[PDB]
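Enquirer: Okay, here's what each chain looks like letter by letter:
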Amino acid sequence: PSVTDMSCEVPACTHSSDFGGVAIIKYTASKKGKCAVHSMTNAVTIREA
Amino acid sequence: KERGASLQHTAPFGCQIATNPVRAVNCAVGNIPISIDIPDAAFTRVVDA
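Here the protein sequences line up with chains G and O, keeping their order. Everything in the first sequence is counted per the deposited numbering, starting at 294 for the first residue and increasing by one. Everything in the second sequence is counted per the deposited numbering, starting at 245 for the first residue and increasing by one.
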């Protein structure tokens, strides 16, 4: 499915050894479906795939 | 016969005085420091709100 109308926000984050950062993203897509997620900067990692 | 005014009237800041035991109560002077250790259970993650 496609994706559009992408907005990002961080209510709070806490640099730590754990997944202390939480980010809420508003998205709009064409249809129901799976989609991969990644961070292209090595300085940050995402638990979810 | 000549006792005079009791301390419950002559006490600055009007600290009410009792007996058995003798205490001075309800006088406003200075301030109080309070330290509260609050378990995280009451705390709610921002996303929840």
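If you are wondering where the hints come from, they were derived from the structure by calculation, not from laboratory data. Keep in mind that a hint or two might mislead.
Residues from chain O that keep clear of chain G, each with C-beta distances beyond 12 Å, as calculated [said to hold, decoys possible]:
| hint | residue |
| --- | --- |
| 1 | 245 |
| 2 | 267 |
| 3 | 290 |
Cβ pair distances, simulated, as ranges [claimed, not checked]:
| hint | chain 1 | residue 1 | chain 2 | residue 2 | range |
| --- | --- | --- | --- | --- | --- |
| 4 | O | 291 | G | 334 | 49 to 59 Å |
| 5 | G | 325 | O | 287 | 28 to 38 Å |
| 6 | G | 326 | O | 280 | 41 to 51 Å |
| 7 | O | 258 | G | 319 | 42 to 52 Å |
| 8 | G | 332 | O | 276 | 46 to 56 Å |
| 9 | G | 299 | O | 287 | 55 to 65 Å |
Virtual Cβ for every residue (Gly too), placed ideally from N, Cα, C.
Enquirer: Against this structure, judge whether each hint is valid.
Expert: To see whether the hints hold, each was checked on the structure:
1. With a least CB separation of 72 Å from chain G, residue 245 of chain O remains clear of the 12 Å interface cut-off, as annotated.
2. The claim that residue 267 of chain O lies off the interface holds: its Cβ sits roughly 47 Å from the closest Cβ of chain G, which is beyond the 12 Å cut-off.
3. Residue placement check: residue 290 of chain O does not keep its beta carbon more than 12 Å from all beta carbons of chain G (closest about 4 Å).
4. At roughly 23 Å, the beta carbons of residue 291 of chain O and residue 334 of chain G sit outside the given window of 49 to 59 Å.
5. Our hint of 28 to 38 Å for residue 325 of chain G and residue 287 of chain O holds, since their Cβ atoms are close to 35 Å apart.
6. The supplied range of 41 to 51 Å is met by residue 326 of chain G and residue 280 of chain O, whose beta-carbon atoms lie about 49 Å from each other.
7. Between residue 258 of chain O and residue 319 of chain G, the C-beta spacing of about 60 Å breaks the proposed range 42 to 52 Å.
8. A C-beta distance of roughly 49 Å is found between residue 332 of chain G and residue 276 of chain O, which places it inside the suggested range of 46 to 56 Å.
9. The supplied range of 55 to 65 Å is broken by residue 299 of chain G and residue 287 of chain O, whose beta-carbon atoms lie about 31 Å from each other.
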